[PDB]
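Participant: Below, each chain spelled out in residue letters.
There are 2 protein chains.
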Amino acid sequence: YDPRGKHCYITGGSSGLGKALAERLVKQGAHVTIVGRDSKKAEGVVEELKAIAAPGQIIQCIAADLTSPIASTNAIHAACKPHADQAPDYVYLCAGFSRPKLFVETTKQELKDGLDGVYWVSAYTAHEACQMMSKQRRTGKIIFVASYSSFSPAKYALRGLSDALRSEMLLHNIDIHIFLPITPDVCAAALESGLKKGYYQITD
Amino acid sequence: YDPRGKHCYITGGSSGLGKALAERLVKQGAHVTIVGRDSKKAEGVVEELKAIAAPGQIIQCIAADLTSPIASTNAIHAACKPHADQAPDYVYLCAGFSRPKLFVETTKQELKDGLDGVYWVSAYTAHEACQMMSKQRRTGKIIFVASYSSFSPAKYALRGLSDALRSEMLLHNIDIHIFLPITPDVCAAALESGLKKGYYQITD
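If you're matching them up, the sequences are chains A and B in order. In terms of the UniProt record's numbering, the first sequence is residues 31 to 177, 187 to 220, 249 to 271. In terms of the UniProt record's numbering, the second sequence is residues 31 to 177, 187 to 220, 249 to 271.
Among the clues, some could well be false.
You can't tell identical chains apart in this list, so a pair holds if it fits in one copy or across any two.
Taking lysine to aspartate or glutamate and the EDC-like style, the derived pairs with C-alpha atoms no more than 16 Å apart in a straight line are [stated by the list, open to error]:
hint : residue 1 : residue 2
1    : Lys142    : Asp271
2    : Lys131    : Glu78
3    : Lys264    : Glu78
4    : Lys171    : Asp32
5    : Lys111    : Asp214
6    : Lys80     : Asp214
7    : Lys142    : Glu158
Keep in mind the hints are simulated off the structure, nothing from the lab.
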């Protein structure tokens with residue numbers, strides 16, 4: 031886990047923990063690609079980080095709804111045209127919304143929306159991510175982030200997919216990790260902490 | 031947990047564990063409603079069980095894809111027109127398919143299909159189920175069944200929803216349970260076993 035000079039593709043990088051992670055993955059000296067839906071929100075942060083980058087560091091961003099398989103697929107693909115079609119190395123999955131409610135209060139379309147909102151954002155990407163490194167036959171990491188509710192299912196699903204992959208994808212020699220979390252940049256340290264120390268599961 | 035004279039609505043009741051459960055929930059003396067997709071498969075089992083029922087026991091079945099919110103919603107509603115619009119008492123969630131594969135091998139549409147296949151079949155029902163007892167303001171139980188992969192997420196999701204509900208729905212005074220499993252009828256005993264003994268989590 032040496033991030034410097036490495037493509038770091040970070041979903042949800044335009045808000046809390048995801049932005050934080052970019053801040054430092056830059057300070058250290060990576061190529062940092064943030065994804066989000068809000069173009070201005072992200073292209074703002076882009077230039078904020080562009081400031082403190084040393085010249086020649088690719089610091090781009092991409093507007094996409096990562097609840098669409100196609101958007102998820104086109105995004106990661108987009109972010110490597112600059113990087114000579116080199117797959118990313120380190121991929122960070124921080125996209126998420128939390129609009130908490132009561133089961134009985136909730137429409138079925140509300141439930142579907144919340145799973146799409148928390149699971150697939152991470153999963154649809156993670157898929158095409160592996161599919162990329164696999165076929166290019168390169169390595170590098172995939173890092174999931176998790177943590187009245189009824190988003191809970193979606194969080195468990197992530198653990199579920201982490202665990203399935205953390206098995207499987209050591210046939211295509213790909214690291215798999217997951218986070219179980249304080250100013251975001253704190254949690255950011257916890258993560259880089261446990262990552263250099265190689266644990267598959269990481270807390271604060 | 032006295033099943034006799036109680037509406038027992040059982041998704042996936044036309045195959046393994048779900049059929050088994052009907053066998054005994056009849057032998058004991060319930061009103062038993064099996065749901066499945068295969069009309070002949072189910073209307074077969076229906077009459078098989080109709081044999082061994084004592085007269086006056088409502089033993090019906092319903093063909094529905096429980097991956098549609100509307101099908102899931104119309105089914106449970108259908109199965110209570112005979113039962114004087116009385117919500118079910120005991121609801122058993124055994125619908126499921128397992129078509130195991132490699133992540134890298136899998137299409138994104140394959141993954142979506144597998145979650146729909148294992149989670150929503152149970153969840154879309156469980157929702158309308160509660161929504162029914164809640165608004166009728168009656169009690170009764172909701173029982174989830176769980177247990187290279189990439190159906191794993193969907194299993195974790197169930198545990199996830201079980202856990203969320205097992206909290207929440209003790210505001211609408213509704214029992215919540217879950218199964219973690249041998250001839251199906253074995254597992255069937257394990258379940259009725261731990262259910263009369265009131266544990267929320269049940270193994271074999």
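Participant: If a hint holds in the structure, say so; if it doesn't, say that too.
Facilitator: We went through each hint and held it up to the structure:
1. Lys142 - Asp271: This pair counts as neither: shortest intra-copy Cα distance 30 Å, inter-copy 32 Å.
2. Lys131 - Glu78: neither (35 Å within a copy, 43 Å between copies)
3. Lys264 - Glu78: neither (30 Å within a copy, 60 Å between copies)
4. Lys171 - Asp32: within (11 Å within a copy, 52 Å between copies)
5. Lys111 - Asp214: neither (24 Å within a copy, 54 Å between copies)
6. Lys80 - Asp214: So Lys80 and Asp214 fail the 16 Å test inside a copy (29 Å) and across (55 Å) alike.
7. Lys142 - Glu158: between (22 Å within a copy, 14 Å between copies)
Violated hints, listed in ascending order, are 1, 2, 3, 5 and 6; each of the other numbered hints is respected by the structure.
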